[PDB]
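Note that one protein chain is taken out, while the other chains of the complex remain in position.
Chain lettering (A and B) follows the sequence in which the chains are written, and residue indices restart at 1 in each chain.
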Amino acid sequence: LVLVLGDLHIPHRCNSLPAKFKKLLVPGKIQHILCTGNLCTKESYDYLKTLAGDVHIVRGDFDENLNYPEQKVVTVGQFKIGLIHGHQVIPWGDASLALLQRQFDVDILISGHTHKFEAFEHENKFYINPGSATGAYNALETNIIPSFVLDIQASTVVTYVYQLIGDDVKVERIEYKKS
Amino acid sequence: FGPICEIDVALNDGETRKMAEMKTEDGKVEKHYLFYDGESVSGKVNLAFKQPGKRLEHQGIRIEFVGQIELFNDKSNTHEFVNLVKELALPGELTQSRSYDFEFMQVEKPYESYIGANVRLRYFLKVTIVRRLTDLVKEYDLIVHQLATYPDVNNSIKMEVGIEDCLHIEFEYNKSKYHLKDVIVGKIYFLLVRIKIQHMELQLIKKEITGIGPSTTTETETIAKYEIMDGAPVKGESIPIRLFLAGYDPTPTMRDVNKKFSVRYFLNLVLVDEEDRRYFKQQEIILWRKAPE
Partner (left out) sequence: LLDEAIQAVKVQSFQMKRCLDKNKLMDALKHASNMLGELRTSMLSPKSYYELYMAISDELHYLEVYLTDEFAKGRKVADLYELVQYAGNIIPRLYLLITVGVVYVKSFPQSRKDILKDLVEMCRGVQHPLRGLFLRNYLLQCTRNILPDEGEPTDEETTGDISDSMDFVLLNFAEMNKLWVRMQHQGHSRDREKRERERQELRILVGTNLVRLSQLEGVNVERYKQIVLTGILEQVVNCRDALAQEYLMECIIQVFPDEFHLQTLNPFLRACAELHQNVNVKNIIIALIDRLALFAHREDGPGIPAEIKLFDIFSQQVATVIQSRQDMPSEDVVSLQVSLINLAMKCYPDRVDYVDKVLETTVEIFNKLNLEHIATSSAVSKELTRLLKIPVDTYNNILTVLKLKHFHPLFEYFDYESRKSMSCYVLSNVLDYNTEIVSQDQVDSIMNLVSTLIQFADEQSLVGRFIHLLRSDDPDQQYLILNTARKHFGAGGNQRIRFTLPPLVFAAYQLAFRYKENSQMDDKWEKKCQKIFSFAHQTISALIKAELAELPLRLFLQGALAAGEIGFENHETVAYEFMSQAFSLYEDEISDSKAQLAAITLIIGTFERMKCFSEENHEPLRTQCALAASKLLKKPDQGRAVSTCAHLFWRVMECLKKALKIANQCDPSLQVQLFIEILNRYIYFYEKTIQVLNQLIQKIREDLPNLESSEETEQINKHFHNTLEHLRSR
């Protein structure tokens, strides 16, 4: 199981996590945690430190901890996974992010920086933009919904996206395997 | 062969009598027929015949009632204060066993048969078979007690004795003329203390007094050793006393019993400190026999 998130903005744009998410982010279950950045405090990362240990995060623009890398590329299982925070995408909105994927020889990308959840596949390579697990506010997007995403077995990663809609947690799930 | 005759004295009232007993030397106790003042002494003196054939030359048989006192273990100092005599047989000869009844008049018995330290007061029936050379004497002792009653006055003894600037107490005895089954009740009232008393008590000394004039013998005897306040108290404390006399069985006072001796009963408060200094005070009580009413 691999936790995917990004753009916490603690204490920048929000401070209060869903307790609905806090109970669904109990430690022990997930193996790996992959945030895009913009955590904006060590303790926003140190909350994620309680959940698991195998964590890799890159730098966002509001990451005032300026020692996180620009990008990150990793291989575990049968997947070759790359990650970005998403601010170096010009413009935000597109195919053009696949051009970033072409630079790095990966099959799973993670982006962010637009604070909405989306995750998808093109040129037989995968791309993630999980949105904000805090439900951190977006500049252009006034209405904000919180969501964290969390499973590589062998050439197959199961993806549970835990969204906050209504008064419960609406978990969605699509399947993508290494083709 | 042994003796030829023995005098056996049986009373005519030798069944309805007891009057307790005691006592004698070497721990012995005398129990006999208990008489009182003004009572008659009526009985039978019987001669024991054991060897038939012999004839007994007698020149007189009598019985003397004796009320006597014994003092200083010498025969010549004995005094029989009451002696009534009944003659029993005329001068003659004897063949079989012979009994002799005897009944006198008013048998005045002025004092208690009381046996003290050097004084024995006793009553006995002295039968004297008079023969040519030696006479037969049979001593049948009789206990006599002295009855005084509950008096009109039995005063509260009380005295605030003690040692100057060391111990201030106030003793008290509720009666003075006690009887032999009375209870010894009193109270002690402390006023001041300076010395460190541990634990000490009350003494009962029976003072029988012997001797007349400049020759008077005084003996020391202590019956009981009671307690007291059992400590070193300060002001505001007292000592309650409950003492029974039945655990000692004393005799009556009878001061100057028949112009030769007395018997008296005293109380001593001795209090003992840690250095065991002895501090005493002497006070008499009076005893007299309470009769079973």
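The rule we apply is simple: a residue touches a chain if its C-beta (ideal position, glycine included) is under 8 Å from a C-beta of that chain, and two chains touch if they have at least 3 such contacts.
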Sole residue of A:15, A:153 or A:155 that reaches the chain not shown, by the stated touch rule: A:15
Where the missing chain touches subunit B, by residue: 224-227, 229-231, 233, 237, 240, 242, 244, 247
In subunit A, positions touching the absent partner: 10-16, 41-43, 61-62, 64, 66, 87-92, 94-96, 99, 102-105, 123, 137, 139-140, 142
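Everything below uses one rule, namely that only the chains that are shown with their structure count from here on.
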Length of the line joining the C-alpha centres of subunit A and subunit B, rounded to whole Å: 126
